[PDB]
Amino acid sequence: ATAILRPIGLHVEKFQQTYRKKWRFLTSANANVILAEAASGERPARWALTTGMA
Amino acid sequence: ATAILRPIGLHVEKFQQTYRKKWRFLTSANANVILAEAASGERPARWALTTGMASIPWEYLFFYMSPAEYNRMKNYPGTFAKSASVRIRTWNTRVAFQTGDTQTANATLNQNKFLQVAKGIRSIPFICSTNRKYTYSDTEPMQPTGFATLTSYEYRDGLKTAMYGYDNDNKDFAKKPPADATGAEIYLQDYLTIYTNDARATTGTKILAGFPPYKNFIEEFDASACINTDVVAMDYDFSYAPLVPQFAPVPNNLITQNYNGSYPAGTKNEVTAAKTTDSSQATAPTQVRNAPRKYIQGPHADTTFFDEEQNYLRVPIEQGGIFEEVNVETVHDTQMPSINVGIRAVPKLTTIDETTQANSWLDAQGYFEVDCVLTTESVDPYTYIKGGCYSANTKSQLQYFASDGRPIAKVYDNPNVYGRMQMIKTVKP
Amino acid sequence: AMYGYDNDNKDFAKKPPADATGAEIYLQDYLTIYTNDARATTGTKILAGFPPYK
Amino acid sequence: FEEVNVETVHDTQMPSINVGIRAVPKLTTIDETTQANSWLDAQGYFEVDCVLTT
Amino acid sequence: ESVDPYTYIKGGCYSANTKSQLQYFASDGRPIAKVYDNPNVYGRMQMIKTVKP
DNA sequence: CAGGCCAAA
DNA sequence: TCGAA
DNA sequence: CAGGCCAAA
DNA sequence: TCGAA
DNA sequence: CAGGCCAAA
DNA sequence: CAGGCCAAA
DNA sequence: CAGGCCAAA
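Residue numbers (the entry's author numbering), protein chains in the order written: chain X, 165 to 218; chain H, 165 to 593; chain L, 326 to 379; chain Y, 487 to 540; chain G, 541 to 593.
Because the hints were derived from the structure by calculation, they are not lab data.
Hints are not guaranteed to be accurate.
[As the list claims (entries may be wrong)] Distance condition first, Cα-Cα at most 27 angstroms in a straight line; then the derived DSS-like pairs of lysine-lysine:
1) X:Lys178 / H:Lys246
2) H:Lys370 / H:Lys186
3) G:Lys589 / G:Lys559
4) H:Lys550 / H:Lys439
5) H:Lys335 / L:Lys370
6) L:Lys379 / H:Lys186
7) Y:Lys512 / H:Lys186
8) H:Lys335 / H:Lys324
9) H:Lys439 / H:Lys458
10) X:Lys185 / H:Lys559
11) G:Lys574 / G:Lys592
12) H:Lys178 / X:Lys186
13) H:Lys178 / H:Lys283
14) X:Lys178 / H:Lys238
15) H:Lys324 / L:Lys379
16) H:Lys439 / X:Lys178
17) X:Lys185 / H:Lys186
18) H:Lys238 / H:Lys458
19) H:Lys339 / L:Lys379
20) H:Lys589 / H:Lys439
21) L:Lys370 / H:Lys324
22) X:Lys186 / H:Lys550
23) X:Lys178 / H:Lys186
[Unchecked claim] Which residues of chain G face chain L? A partial, calculated answer using Cβ under 8 angstroms:
24) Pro545
25) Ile549
26) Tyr554
27) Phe565
28) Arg584
All C-beta atoms in this analysis are idealised placements derived from N, C-alpha and C, irrespective of residue type, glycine included.
Whenever a hint applies, use it, and build me the whole structure from the sequences.
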């Protein structure tokens with residue numbers, strides 16, 4: 165029995181794209197210093213310890 | 165030495181899409197009858213010989229993509245149709261047991277059934293045939309007796325309407341259900357016609373050659389043994405077929421004063437040339453460069469053709485020679501083969517008093533399943549950092565334009581000249 | 326149509342039991358595809374037509 | 487239907503079987519490019535064997 | 541990745557019903573989205589209303 | 001290419 | 001183990 | 001033995 | 001490399 | 001054959 | 001020892 | 001991945 169028609173489904177077309185970038189970053193070596201942050205609104209007063217990793 | 169950077173070039177993204185359709189066509193077996201066509205304007209008086217092979221419109225875009233696919237394809241600039249393919253298979257051919265006439269009909273179980281196929285008739289220099297629609301007689305539905313007023317554009321529009329239905333808001337929506345949805349058949353009504361000069365009104369010297377033997381250029385098969393068989397299989401790689409204009413490049417006039425500078429092309433022909441010929445031999449052929457043309461994208465774009473969608477069903481997909489690129493290129497004229505298929509008329513069993521062809525014919529219909537595929541490609545350059553896609557300057561495209569503003573395009577409906585297609589102004593829809 | 330009527334029914338002679346006779350049963354329920362009728366729609370319209378159910 | 491037993495439940499449905507013969511166009515010619523205007527009568531013959539286990 | 545359905549014959553691309561997408565919205569109309577700038581709670585990100593540019 | 005979506009598997 | 005693998 | 005001619009290849 | 005070998 | 005049911009595994 | 005916890009894997 | 005365009009080879 166020859167099949168003139170078959171369930172070929174929908175004609176769905178799928179596209180793929182890729183994006184490449186190269187960046188150069190300069191980061192300073194900050195000291196580890198304790199800074200006082202005042203309370204404001206919902207934020208309570210807290211001590212802050214900075215770190216040099218960007 | 166480590167390389168932190170390398171010439172990675174541009175970020176060009178290429179998309180490929182394919183479109184598949186399956187159509188069922190019914191073609192009647194017209195008789196071979198000579199019809200007189202009166203002279204009108206530039207057309208001289210001519211005798212017309214009808215033939216029963218219906219044409220397969222595989223050179224047009226609606227044959228491959230639905231309106232939704234075409235509307236979405238409009239959103240991808242730089243869309244070039246790379247290839248097309250068509251396969252025609254034949255099913256059981258039907259022949260009437262007996263016609264409406266009953267006094268002399270002589271119904272018969274036995275039947276002779278022949279199928280004619282033509283592939284290169286349109287490109288033959290001397291045949292000068294064309295595709296026409298007839299008006300059949302009441303007593304003999306297989307005997308044409310004239311020509312219908314429907315042009316090729318109207319015929320293709322009606323065929324597309326039969327294929328894809330109407331809009332939901334149209335009042336005639338209930339008339340023609342979508343064949344692409346139902347799987348029904350579509351009666352083909354455009355058939356081949358051979359032509360010859362009508363010497364009756366000619367004054368002076370006359371050409372009395374008659375019709376050319378066009379039967380020597382067509383295949384013919386026994387339709388009884390062709391049940392469920394592949395008859396036609398054609399592939400066509402398009403030389404140049406821009407469906408959507410390329411991305412508009414960044415103009416160099418806003419940056420550099422050098423934009424108008426010239427540069428030597430050498431002996432190479434960088435500009436396409438139009439050739440005008442006269443088959444009446446009253447004037448020698450002429451080749452003209454710098455033909456009137458204008459850009460199809462950019463600051464001074466003229467997108468009349470694509471806005472009019474002439475390439476959907478009014479103009480064939482293949483448009484080589486029409487479109488020029490500013491890139492260092494080579495261009496040659498291109499055309500597509502013409503597929504004609506149909507059943508030969510079956511003579512009635514009644515006897516004939518004199519030696520001549522059949523006077524009456526049995527009704528017949530051929531059943532053709534057509535599977536068509538169209539493959540296209542698209543490009544997005546991403547040349548500049550901001551402001552969307554822009555293409556390179558060398559990718560700028562121009563199209564031939566008439567002095568009155570109408571673009572010039574190929575048409576396959578007119579008969580060929582010198583085995584070549586003819587350029588003509590597009591007509592506004 | 327498949328199983329006939331009860332013996333006390335007046336219409337018992339109309340439809341013999343197909344399970345007993347082996348006769349056929351004409352089917353009368355067929356599939357129907359649907360699409361929106363945009364003729365009376367006011368404002369934006371959906372003009373997609375029928376889906377390719379084939 | 488739910489049970490008081492510690493259970494897992496998911497929605498269920500059955501496939502729909504549709505079978506039938508396509509209409510046969512009449513041999514008469516048609517003046518314009520469109521589908522068939524008249525059709526020959528046709529009937530398909532289907533033997534269905536069904537089993538249910540409980 | 542991208543997808544074009546071509547579900548219907550005419551009128552451009554239309555997707556299936558099951559592909560319909562909803563987004564969380566505040567009672568005032570501003571959509572809700574993830575932000576990685578605020579500190580985590582329970583090792584989890586926090587949903588917050590987007591601010592109009 | 002039918003059973004809770006298919007363009008997922 | 002509300003298919004069933 | 002169909003695509004810019006075929007009687008050319 | 002406006003088919004394509 | 002006992003632990004979120006057993007007539008399920 | 002980075003992705004909805006780590007002292008679980 | 002430079003020489004008459006590159007997203008063609």
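Evaluation of the provided hints:
Between the alpha carbons of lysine 178 of chain X and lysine 246 of chain H the distance comes to roughly 18 angstroms, so the proposed pair stays at or under 27 angstroms and holds. At roughly 49 angstroms between alpha-carbon atoms, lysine 370 of chain H and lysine 186 of chain H are farther apart than 27 angstroms, so this suggested pair is violated. Distance check on the hinted pair: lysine 589 of chain G and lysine 559 of chain G sit about 25 angstroms apart at the alpha-carbon level, within 27 angstroms; holds. For the given pair, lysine 550 of chain H sits about 43 angstroms from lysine 439 of chain H by alpha-carbon distance, which is inconsistent with the 27 angstroms threshold.
Only pairs whose Cα atoms come within 27 angstroms are accepted, and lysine 335 of chain H paired with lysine 370 of chain L is accepted, the gap being roughly 15 angstroms. A threshold of 27 angstroms between alpha carbons decides the hint, and for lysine 379 of chain L with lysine 186 of chain H the separation of about 10 angstroms falls inside it, so the pair holds. Pair hint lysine 512 of chain Y plus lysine 186 of chain H holds up; C-alpha atoms about 22 angstroms apart against a cutoff of 27 angstroms. A C-alpha spacing of about 17 angstroms is found between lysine 335 of chain H and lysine 324 of chain H, which places the hinted pair at or below 27 angstroms, so the restraint holds.
Among the hinted pairs, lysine 439 of chain H with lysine 458 of chain H is consistent with the structure: their alpha-carbon atoms are about 18 angstroms apart, no more than 27 angstroms. Between the alpha carbons of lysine 185 of chain X and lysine 559 of chain H the distance comes to roughly 26 angstroms, so the proposed pair stays at or under 27 angstroms and holds. Taking the CA atoms of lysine 574 of chain G and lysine 592 of chain G, the gap is near 15 angstroms; set against the 27 angstroms cutoff, the hint holds. Proposed proximity of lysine 178 of chain H and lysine 186 of chain X is supported: the alpha carbons are some 22 angstroms apart, at most 27 angstroms.
For the suggested pair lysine 178 of chain H and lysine 283 of chain H, the alpha carbons sit about 34 angstroms apart, so the restraint of at most 27 angstroms is broken. Straight-line distance between C-alpha atoms of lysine 178 of chain X and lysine 238 of chain H comes to about 17 angstroms, which keeps the hinted pair within the 27 angstroms bound. Using a Cα cut-off of 27 angstroms, the hinted pair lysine 324 of chain H and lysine 379 of chain L holds, with the two alpha carbons roughly 18 angstroms apart. With a C-alpha separation of about 43 angstroms, the suggested pair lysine 439 of chain H and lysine 178 of chain X falls outside the 27 angstroms cut-off, and the hint is violated.
Taking the CA atoms of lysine 185 of chain X and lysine 186 of chain H, the gap is about 45 angstroms. The hint is violated against a cut of 27 angstroms. Our distance criterion of 27 angstroms between C-alpha atoms is met by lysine 238 of chain H and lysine 458 of chain H, whose separation comes to about 21 angstroms. For the given pair, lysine 339 of chain H sits about 19 angstroms from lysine 379 of chain L by alpha-carbon distance, which is consistent with the 27 angstroms threshold. Between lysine 589 of chain H and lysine 439 of chain H, the direct Cα distance comes to roughly 15 angstroms. Compliance with the 27 angstroms bound is thereby established for this hinted pair.
This hinted pair checks out: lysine 370 of chain L and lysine 324 of chain H have alpha carbons roughly 22 angstroms apart, not beyond 27 angstroms. With a C-alpha separation of about 17 angstroms, the suggested pairing of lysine 186 of chain X with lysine 550 of chain H holds against the 27 angstroms cut-off. At most 27 angstroms may separate the alpha-carbon atoms for a hinted pair to count; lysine 178 of chain X and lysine 186 of chain H meet this at roughly 22 angstroms. For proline 545 of chain G, the shortest C-beta to C-beta distance to chain L is roughly 11 angstroms, which exceeds 8 angstroms, and the interface hint is violated.
Interface hint at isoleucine 549 of chain G: satisfied, since its Cβ lies 5 angstroms from the closest Cβ of chain L, which is below the 8 angstroms cut-off. With a cut of 8 angstroms, the hint placing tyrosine 554 of chain G at the interface with chain L holds, because the nearest CB-to-CB distance is about 6 angstroms. The criterion of a C-beta within 8 angstroms of any C-beta in chain L is not met by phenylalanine 565 of chain G, whose closest approach is roughly 22 angstroms, and the hint is violated. This hint is violated: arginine 584 of chain G has a C-beta 41 angstroms from the nearest C-beta of chain L, more than the 8 angstroms allowed.
Of the numbered hints stated above, those contradicted by the structure are hints 2, 4, 13, 16, 17, 24, 27 and 28, listed in ascending order.
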